[PDB]
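Student: Given next are the chains, with one letter for each unit.
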Amino acid sequence: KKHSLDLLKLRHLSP
Amino acid sequence: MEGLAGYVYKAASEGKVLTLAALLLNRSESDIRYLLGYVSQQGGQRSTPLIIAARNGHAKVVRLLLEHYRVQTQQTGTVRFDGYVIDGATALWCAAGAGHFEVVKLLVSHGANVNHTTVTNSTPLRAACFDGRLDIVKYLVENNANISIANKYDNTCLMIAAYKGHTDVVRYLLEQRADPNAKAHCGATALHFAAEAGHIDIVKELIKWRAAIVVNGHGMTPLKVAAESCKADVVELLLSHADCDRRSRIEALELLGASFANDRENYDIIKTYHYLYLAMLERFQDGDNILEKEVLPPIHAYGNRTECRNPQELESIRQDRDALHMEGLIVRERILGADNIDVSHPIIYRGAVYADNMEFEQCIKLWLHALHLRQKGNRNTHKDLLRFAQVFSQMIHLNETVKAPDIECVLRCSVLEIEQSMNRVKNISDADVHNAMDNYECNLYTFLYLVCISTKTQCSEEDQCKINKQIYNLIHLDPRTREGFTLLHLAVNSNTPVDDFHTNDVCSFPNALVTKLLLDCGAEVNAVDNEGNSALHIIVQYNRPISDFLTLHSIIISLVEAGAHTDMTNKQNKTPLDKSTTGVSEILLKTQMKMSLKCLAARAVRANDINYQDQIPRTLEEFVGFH
Amino acid sequence: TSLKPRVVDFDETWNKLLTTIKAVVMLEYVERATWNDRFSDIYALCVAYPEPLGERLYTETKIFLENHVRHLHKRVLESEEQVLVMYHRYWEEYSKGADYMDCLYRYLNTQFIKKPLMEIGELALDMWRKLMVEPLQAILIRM
Amino acid sequence: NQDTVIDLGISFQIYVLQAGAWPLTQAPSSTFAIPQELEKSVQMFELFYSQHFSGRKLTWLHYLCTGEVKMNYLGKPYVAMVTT
Amino acid sequence: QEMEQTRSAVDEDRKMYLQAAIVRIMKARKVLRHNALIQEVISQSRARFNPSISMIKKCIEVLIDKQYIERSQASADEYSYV
Amino acid sequence: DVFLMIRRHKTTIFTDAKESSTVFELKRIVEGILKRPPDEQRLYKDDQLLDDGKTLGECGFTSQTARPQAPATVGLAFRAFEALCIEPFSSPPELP
Amino acid sequence: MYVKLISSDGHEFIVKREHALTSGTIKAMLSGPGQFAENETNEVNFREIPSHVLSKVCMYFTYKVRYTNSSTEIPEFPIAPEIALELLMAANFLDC
Amino acid sequence: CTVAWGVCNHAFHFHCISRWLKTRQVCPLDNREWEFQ
Ligand SMILES: [Zn+2]
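Residue numbers (the authors' numbering), protein chains in the order written: chain Y, -23 to -16, -7 to -1; chain U, 1 to 627; chain X, 1 to 115, 135 to 162; chain W, 496 to 579; chain G, 663 to 744; chain A, 2 to 81, 85 to 100; chain R, 17 to 112; chain V, 68 to 104.
Accuracy of the hints is not assured; some may be wrong.
Claimed, not checked - Partial pick of chain U residues on the chain R-facing surface, computed with a CB cut under 10 Å:
hint, residue
1, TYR139
2, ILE587
3, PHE623
Please keep in mind that the hints were generated in silico from the structure rather than gathered at the bench. All residues carry an ideal CB built from backbone N, CA and C; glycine is no exception.
Chain Y on its own, in the form it takes in the complex:
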């Protein structure tokens, strides 16, 4: 089902 479309610091981007 389109491997390319299936692709996709979190604590640092918090305010």
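Chain Y is fixed; fit chains U, X, W, G, A, R and V with the ligand onto it per the hints.
Tutor: Frame of chain Y, contents of chains U, X, W, G, A, R and V with the ligand only:
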């Protein structure tokens, strides 16, 4: 009382006055103070009634609450519902984060909390900068609040202003003579966040204030950070810093051409060739003090190319698209090294593009290289192993051969990363232990998918021995899920999640080949979960005894032949014959049972509740324990 | 008595066991009531409170097998002319002794060894290999 | 391999057949009583086959298999063998 | 006699294959014309026996009684399911 | 397939036999396994003599009663007949 | 063909060798030196297990030989409450 | 697919049994009311 607290929360949610006035009077002092100073739990999140008053722009109700009472804004609550939901923040924090100026100014007018410090020591100015309203930031700094509040990971408000598209907030912050050379935990100093989202005006604003260029922790200048993310305009602006040097300029142009080759949002192959050619022409422009390419040794993953050290070969690879993709990958690898965070993702994207075009072997090579880089960097690769499980299950469903060394390599990587996931779960107590637990369970499931794929692929004796060695190595760590399931139990269970992608076509649990392979590799056939159910207790509860009776038969034969107890009981004292819940499984197990006087005697001991402690051999106490 | 796990002295039990197992290995006519009594002695040793003596019994019978094989090694080495005949006779005797030892030590094999370690018959064969054909491999091959 | 010493008196030869694959079936009733002299083989092969190839039920077909004849009552004239 | 019943054993076998083929087609588009379905089931059951027009017509009537297929109320030529 | 527990003082023998068969071969097999002359064996079913030609299925015990579990209290005596002094099994210890 | 199982308290139990080789420890005791190949006695001395538990393991030997693989409606084997935890230790010693 | 049994030792396919009980609550071979397990 919690009920009247919910009542006044509902009254303040609609922004009404008379309802709250009638619901917050005719009582004593302490209960009313508790009502106005406690949070209500809605939607799984705790929040002050002042939070829901400020979030809906209902400033009149909280204004009259401040007039009629002495309510404070210092109540501990959540931060924001957009994927953070961590507690410790004050009411003024979310009031600034709600984008409502008047509620902020009235909360400042009575008991200002501009210098609030949470567990992340984030002031309400942080949320004001995140929202992007000039008036709130201006008033909050005018309330004598320090703007140099660095976090534990050193996230200045200027950094989150630069990361977001709010140029007004950052220009007002730099108008106040703020620090532009603000070091962070990862080394990213303002411009690294600014030239990551492609905000040209913000980068211009900070270059006007001379934010300066400094290499961060990951060995990336703001210019290289900009070129890494295909943002050409900020690359242009940073290339005119009046101190840039040739080597940096050409490496930035090469990095930009590399990044344009493999990206989802910004994919132009003509821009790839043109920027690579611009950097090559600017390299070989003079003939004196020439800057020749320090070409890395060839990598088997990107074919066998050796970059492009001449403009003639770059000209010859102009119209050949996959050669340009590989060339961009190799020059990106050269510029950002083999140890950067973002060097691995374009490799994965090119692998995904190759897989979508049914070009599988080069896809496997690229994804294996990305896996090796991510494991050298010690990063969470539970998504990459699942990606291998999906593509391997796509060749088998398409009747395509899978290379045995590739399966061995991904299995070794899976075993090692499960070792590090066990270490992560052990080390982390409760910081993000749920995420680590889910990653661990997902890694176990992906290992099972890879083993199931390995069973259906014909391999040589040496490669099969290496695969069995990897499975053996994982078995002798005893990997367990949340509910005590060992690696054998999940291959036996029917509730084991198989991923909704192409893995459904090849990976079906229970699987007789996976169970036989695990038992041959030394799986503890008598191992128990948290409920006490062994591997035999779960196969009997299988609810499709006739549709795949060939599968159900062979796994019970393998389990009994490996040495499972056909009689032992779980924590609820339930023999698998009693827990069979199926006539067919009961018949198979009764056929496979071997009778022993030890089992009957121990069952009689357990049924009659005879005190057996310190009256039997120590090795027999366990036998009474499960029989 | 009974099969109840009881505190048993290791010295006298191991002494009578050592006498009967050297009689078994050397194929001397041992009383069969003694043979069954020493099955019971093996069970008593592998079970006794407060700590099972399975590890100590395994180590002690390993030491006994080692020094008996060493004694046979010295005898076959000093029998220079009839090294082959002496090795054949001692190999027959020790193979029968190892099989009967795996019979006598069945409780260790099925309750301690397999619950890693390696069985008593396998231990006797390994000791015979390492101390009885490994040292004089060259002279036996040349002979 | 059996613990006790067993002699069948028969050089046993059997062709075990898949039920659904093969076209021969038990569509006629054919209630045939197994001969007592060879009943030891069929009461031990089923003991053998359920022990090894467990969960399989054998429907013996007698009219598609042969046998040999002993002539103790006749006086042993020559050697004869026909279908079982 | 044995040759005759084996020629009749496949008759029951091909009726089960015709019913399976008709249902398999009827779950892909859920409606087809009566004449359009006959040519479709012949094309699928072509590596095996060639089904006669009279046999497939009988298999439709049997499947109607089995409620796997039913003629549409708006048009009897169109075939629905229930 | 009747089962029997032939007892004589301490000695006990577990024996398989058929439903419809005489005690002649029973006496012959206990003769073979006891190594003694055959004529002195006399079987008692709850201390009463039984016929030497009568089948043991009709004697008072059958395959439904004499199972592979506790078969029968069949006593045996030898003519010097000896007095029936069948020793019982040891009493189980007093459980807590 | 017939082996003799002397209990601790004097009682002698005689069961078939085929019946008594279903336990590993008795199979090991019969093998080795002192097999005493008289073909009819093959005595073994169980100086530890009492008479009732030895009787019960002999009944179990007969029971297992009869029901080794047959009679899917397997009858229950009647372990008394007072004989359990002493038949369990006996079965562990005998490796039944 | 899944196999559905019956109180009269009648085991068939789940979809077939579901359609049959949608038609009538009678076994397809005898006359007895259908039930699950
Ligand atoms: Zn029915």
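Student: Could you tell me which of the hints above the structure violates, numbers in ascending order?
Tutor: Violated: hint 1 alone.
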